[PDB]
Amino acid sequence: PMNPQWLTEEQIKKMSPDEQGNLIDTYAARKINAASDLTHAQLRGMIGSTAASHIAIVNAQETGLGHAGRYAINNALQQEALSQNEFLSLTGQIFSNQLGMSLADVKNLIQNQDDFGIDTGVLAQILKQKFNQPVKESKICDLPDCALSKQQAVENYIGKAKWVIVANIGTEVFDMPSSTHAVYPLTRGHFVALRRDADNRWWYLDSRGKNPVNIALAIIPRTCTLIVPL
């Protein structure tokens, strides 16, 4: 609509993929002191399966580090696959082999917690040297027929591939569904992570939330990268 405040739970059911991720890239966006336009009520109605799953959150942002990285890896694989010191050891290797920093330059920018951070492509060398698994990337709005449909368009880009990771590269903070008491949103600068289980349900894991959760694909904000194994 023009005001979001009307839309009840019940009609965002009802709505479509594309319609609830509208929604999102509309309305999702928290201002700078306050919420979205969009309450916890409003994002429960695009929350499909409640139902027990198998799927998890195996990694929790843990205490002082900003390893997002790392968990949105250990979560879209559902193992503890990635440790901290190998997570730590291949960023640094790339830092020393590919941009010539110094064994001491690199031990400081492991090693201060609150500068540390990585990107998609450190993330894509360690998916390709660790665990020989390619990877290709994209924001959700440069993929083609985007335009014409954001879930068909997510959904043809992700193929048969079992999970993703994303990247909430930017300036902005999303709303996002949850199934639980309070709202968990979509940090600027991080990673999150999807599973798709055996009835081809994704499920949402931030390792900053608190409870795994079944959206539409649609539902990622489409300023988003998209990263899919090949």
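For the two forms, the rigid core is made up of the largest set of C-alpha atoms that agree within 1.5 Å on superposition. Positions refer to the first chain, counted from 1. Compared with the form deposited in another entry:
Only one of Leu88, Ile94, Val106, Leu123 has its C-alpha shifted by 2 Å or more between the two forms once the core is superposed, and that residue is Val106.
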Second form
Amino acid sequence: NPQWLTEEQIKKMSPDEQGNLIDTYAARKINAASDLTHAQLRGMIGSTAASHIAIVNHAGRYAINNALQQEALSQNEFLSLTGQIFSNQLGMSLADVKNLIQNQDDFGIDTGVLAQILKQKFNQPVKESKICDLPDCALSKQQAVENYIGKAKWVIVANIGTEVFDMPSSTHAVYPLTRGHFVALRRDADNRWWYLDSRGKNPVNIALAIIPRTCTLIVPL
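Alt. form deposited in another entry, vs. the form deposited in one PDB entry above:
No partner chains or extra molecules come along with it, only the chain itself.
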């Protein structure tokens, strides 16, 4: 059905129509690609000009730095603050905390950890919600996400779920939103949002409605 959709047709669609394409066809199969090609997704890109916004370049720490557009949080800081949280709040023997953290094959992907680091270190409280749980998301995904974000200049997106989503890329390859992955978006002076994936090469300008509706949105207050 979507195989006959052209890049030009998609470029002419509204944000909500483009988001319906993401939420319906952008998920990969188990051993096959999604139902949207690189060129079709390229139709969801707004401006193709070069921004003052950059990918700063463990996905959670990269998302914080990209959201703030600086090397705010080193990796050693991220790991030590995580340890403080785990031992104080989980009642673990601190030795067990050590087993959970250093198990490199079992690294953490927890939005509560990010929120506590953001408040403790940057005195930046946040709120979060899955996009699909936002009020009147069904009337318009773009409007509900805009209303939730308000005047904030950055957001962080987390894919807590079982699906892998292909997403627009401003370069040659597709950099999908993988399971448990964190990314960031940064707002510029013209009210355009730029998607910052630490595994990609360049920022890409997309409508807020392109974010998959099951993802969790983290927003500074």
